[PDB]
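In C-alpha cells, one chain follows: the form deposited without the ligand.
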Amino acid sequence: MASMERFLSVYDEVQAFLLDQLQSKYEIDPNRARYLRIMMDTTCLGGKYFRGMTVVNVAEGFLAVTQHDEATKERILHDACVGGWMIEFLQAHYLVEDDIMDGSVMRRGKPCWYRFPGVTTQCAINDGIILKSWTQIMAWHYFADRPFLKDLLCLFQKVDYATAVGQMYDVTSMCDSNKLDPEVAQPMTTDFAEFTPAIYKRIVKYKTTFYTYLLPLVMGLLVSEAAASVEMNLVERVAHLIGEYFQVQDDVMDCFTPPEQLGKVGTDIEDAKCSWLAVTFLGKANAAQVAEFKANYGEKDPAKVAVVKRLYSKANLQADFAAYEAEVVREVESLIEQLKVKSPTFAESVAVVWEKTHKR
C-alpha cells in the first residue's frame, strides 16, 4: 500500500476513534461532535503532511533493511502514521493559537480558524487546547503497550515545550530584553542591537526546528526501535540546520512572494519581526542605510513598508542568500555523511528531507 493513502486512512481511523470516545466516555452530543470533527478537519488537513509523512518515510526505510513478520511491518507502519498525526495535530495547535496571538487573517489562502463566523476567539483558543490534548489521547490509546511509549511521550513533551519557548523568543524579538517587564507596555527596539545572527538563530531553532524536523525524524526512529542506528547529537544538529534553512526561506517569501502564491499577506516588516532579511541587512548596511531602516521598520504605514522593501532590494541580499545556501548545502552534506556510517537508510531519509526543503 502507498504511504500517503495509508497515512490518510489512519487520519480517518483516529478521528473516528477520538469522536467515538467523546460519545462513549465524555458524554458528548452529536452536534458538538460534528463541530469538533469540522474543527479537526479544518485545522489538520490541507497541507502537504511533510512532518507526519517524514515519520512514515523513516519507518519505511528501516523496514527495508530489517527482518520482520508481515503483521509486524503493518504494526510499525500503523504506529508511524499515528505518530505522524500526533505531530500534525501538534502543529495544528500551534497554528490555531499563533494565528489568534498575531491577529492573522489567512493562512494557505483560507481564513484562520478563529475568524470563522461560528468559531470566534472564545472558542478557538480552547479548540487549539483540544488539538494538543488529542495528541496525548492518541498516544495513550495506540501505544499503550509499546516499549517506546515512555520515550515517545518524553520526547513529544520536550519538543512541545521547546516550541512554546520559541514562540516566547519570537513574539518578544522586537523588544529590548533589558526592558521586558509585565508591568510596563513594551516599546519596539530603537537600536536593533538584538537583531543579530545568533539571536535570530535561537528564535528559529526553538520555534520551528524541534517540531518540524527533529520530532518527525526521532519519532520515526522510536516507532522503528532504531534509536541505536544513530548518534542522536548528529540527528539534532542536522535537524536544526535544515530547519533554520527552511525558516530563512519562509522569511524571504514573507517579504517577496506575491500574496496569492504566498496564501496570505506578509506583515513581518510591520510586525518588526527579527527576520533573516532584517538581520542580514543590518549586518552589511552603512550608517545612512541603518538610519533609514530605523525610521521605517515596524510601521503599518505602507509607504514605510515600501521603503524597507526598497532598502532590502538594493542591498543585494540575494548574494548573502546564495552564500548561506551554499554553506548549509555544505554542512548538511557533511552531516549526512557522518549519519551514513551508522545507518545508510537513516542518512537517506535525511537526504530526502533535505531535498524536499532545498527544492520548494
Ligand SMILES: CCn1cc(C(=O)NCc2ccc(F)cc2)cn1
Given for the second form:
Number of protein chains: 2
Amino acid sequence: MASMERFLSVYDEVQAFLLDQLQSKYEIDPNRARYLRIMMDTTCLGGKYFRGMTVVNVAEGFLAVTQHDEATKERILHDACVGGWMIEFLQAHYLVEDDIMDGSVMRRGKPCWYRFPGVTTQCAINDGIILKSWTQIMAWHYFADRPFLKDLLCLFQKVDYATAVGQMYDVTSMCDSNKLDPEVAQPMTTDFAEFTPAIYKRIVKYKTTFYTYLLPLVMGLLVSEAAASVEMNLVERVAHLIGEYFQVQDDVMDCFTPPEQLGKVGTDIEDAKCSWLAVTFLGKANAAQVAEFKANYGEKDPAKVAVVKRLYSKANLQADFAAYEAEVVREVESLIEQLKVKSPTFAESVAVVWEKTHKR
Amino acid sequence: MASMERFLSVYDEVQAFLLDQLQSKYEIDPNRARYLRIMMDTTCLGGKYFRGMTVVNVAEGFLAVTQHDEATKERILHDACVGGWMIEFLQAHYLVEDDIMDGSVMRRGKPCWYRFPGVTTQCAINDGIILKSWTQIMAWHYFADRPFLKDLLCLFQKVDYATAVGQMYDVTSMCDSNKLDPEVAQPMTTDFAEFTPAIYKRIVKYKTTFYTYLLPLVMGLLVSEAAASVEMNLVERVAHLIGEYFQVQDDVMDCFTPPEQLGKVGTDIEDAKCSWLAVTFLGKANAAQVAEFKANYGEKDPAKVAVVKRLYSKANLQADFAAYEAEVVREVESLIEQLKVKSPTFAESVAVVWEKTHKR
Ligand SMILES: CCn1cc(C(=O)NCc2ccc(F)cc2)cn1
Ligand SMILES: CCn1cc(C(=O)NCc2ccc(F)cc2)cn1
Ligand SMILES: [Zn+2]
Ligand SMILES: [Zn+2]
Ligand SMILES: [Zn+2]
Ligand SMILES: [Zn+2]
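Given the form deposited without the ligand above, I would also like to look at the protein as it appears in the form solved in complex with the ligand.
Whole complex next, starting from this chain.
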C-alpha cells in the first residue's frame, strides 16, 4: 500500500476514533461533534504532510532492512502514521494559536481559523488547545502497550516545550532584552543590536526545527525500535541545520514570493521580525543603509515597507543566500556521511528529507 | 513541617528548577528568564491553593495510617506537593487562556495577565501554553522513576482534555446547538430551550469538576500508591457532585457578590451564560417572567442587566439554592459513607474537601 494513502486512511480512522470517544465518554452531542470534525479537517488537512510523512518514510526505510512478520510490518506502519498525525496535530495547534497571536489574515490561501465567522477568537483559542490534547489522546489509545510509549511521550513533551519557548523568542525578537518587563509596554528596538546571526539561530532552532525535523526523525526511529542504530547527537545537529535552512527560505519567501503563491500577504517587515533578510542586511550594510533601514522597518506604511524591500534588493542578499546555501549543502552532506557509520538506511532517509527541503 | 509551608517551598524549588533548566538546556537569557519568573508568579500564586493542597491533604491522611521510613514520608509529601503544583499550573493555563477568550478585565482584584502592559495577547496566549508545558516538565523530572508515572500522566491528560471540552460546552452554551456552524456567525438563542439542568450539569462537570476535585483526589491517591484502597466510581461521583455545588455557588456570586469581594465585575448576564440562576429561573418562571427574561438577557445595557437581576430576586432563587444545597448535603454524606467501606481515611479527606467547599 502506498504511503500517502495509508497516511490519509489513518487520518480518517483517528478522526472517527476521537469523535466516537467524545460521544461515548465525554457526553458530546452531534452538532458539537460536527463542529470539532470540521475544525479538525480545516486545521489539520491541506498541507503537504511533510512532517507526518517523514515518520512514515523513516519507518519504511527500516522495514526494508529488518526482518519482520507481515503483521508486524503493518503495525509499525500504522504506528508511524499515528505518530505522524500527532506531529501534524501539534503543528495545527501552533498554527491556530500563532495566527491568533499575530493577527494573521490568511494561511494557505484560506482565512485563518479564528476568522471563520462561526468560530471567533473565543472558540479558536480553545480549539487550538483541543488540537494539542488530541495528540495525547491518540498516543495513549494507539500506543498504550507499546515499549516506546514512555520515550515517545517524553520526547513529544520536550519538543512541544521547545516550540513554545521558540514562540516566545520570536514574538519578543524586536524588543531590547534588557527592557522586557510585564509591567511596561514594549518599545520596538531602535539599535537592532540583537539582530544577529546567533540570536536569529536561537529563534529558528526552537520555534521550528525541533517539531519540523527533529521530532519526525526521532519518532520514526522510536516506532521502528531503532533509536540505538543512530548517534542521537548527529540526528540533532542535522535536524537543526536543515530546519534553519528551511526557515531562511520561509523568511525570504515572506518578502519576495507573490502573495497568491505564498498563500498569504507577508508582513515580517511591518511586524519588525528578526528575519534572515534583516539580519543579513545588517551584517553588510553601510552607515547610511542602516540608518534608512531604521527609519522604515517595523511600520505598516506601505511606502516604508517598499523602502525596506528596495534596500534588501539593492543589497544583493540573493548572493548571501547562495553562499549560505552552499555552506548548508557542505554541512548537511558531512552529517549524512557521519550517519552512514552506524546506519546507511537512516542516512538515506535524512538525504530524502534534505532533498525535499532543498528543492521545493 | 506544616503542609502549606511545605507546599510553598516546593513552589520555589520547582520554579528554580524550571528556570535553571531553561538556562542550561534551552539557551534562555536572563531577561526572558525574569519575564517567565514573573509570569509564573503572577499566574500561579495568590489564590488559596485549594486544588494543590488537596493532593497534599489526601497524602497526609494516608501517611497517618501507613507504615513508612521517614525518608519515604518526605518523598511522598514532596511528590504530593509537586503533583499539587501540576494542578495549580494547569489551572493557571486555563485561567490565562479563558481570560483572553472571554475578554475578562480582572481576576482576584488584579488585571488579567494579558492586560499587563508588557504582556499583550500576543505573548499571553503563548505564556498560557508554557504554563501547561511546565506541568509536564515537572512530572518527567520529579517522577521519572516513579511507579505511578504512567497512571499520573494518563489521568492528567484525560482531565486536561475533559477541561478543554468543558470550555467548549461553556462558550457555546448560549447558542442553539443545531445552528453551530464554523461558516456562520452564531446568534444567541432566542428560545433558551437548551438552558436545562441536564445541559448545565454537562457544562459544569467538564469545565470545572474534573480538574478542581477529581484530579486532586486521584493524584493524592496515586502519589500514595493507594488507588486500590478506593472504589474509583465513588470517587468520580463525589467529585462531580461537590464540583457541581462549587460551580453553582460561583454562578450565584457572579451576580450577587459585590465586585470588591468577588475580585472582578461579574458579567454572566451580559455574556448570556447558561448559569445556575438562569436555568433555575427558567424552571420556575411564569410566561410573562420568561418573556421579560428573554427581552433583557445577554445584553451589555446596564438597565437590561438590572432587570435580569431584579427578575432573579423577585423569583426567590435563594430558596431553590437552599433546597439544592440540602439535597447536595444528603448525597455527599451518602457517598462519604459509601467510601468508608474500603477507606475511612480517604472518606475523611473527602469530608474535609466538602467542608471547605460548603462553608467558604
Ligand atoms: C555564507 C556562508 N555562511 C553563512 C553562515 C551563517 O552562519 N549565517 C548566519 C545564520 C545564522 C542562523 C541561521 F539559522 C542561518 C544563518 C555560515 N556560513
Ligand atoms: C432542589 C433539590 N434539587 C435540585 C436538583 C437539581 O438537580 N438541580 C439542577 C442542577 C443541575 C446541575 C447542577 F450542576 C446543579 C443543579 C436536585 N435536587
Ligand atoms: Zn508567529
Ligand atoms: Zn514566515
Ligand atoms: Zn470562560
Ligand atoms: Zn463564574
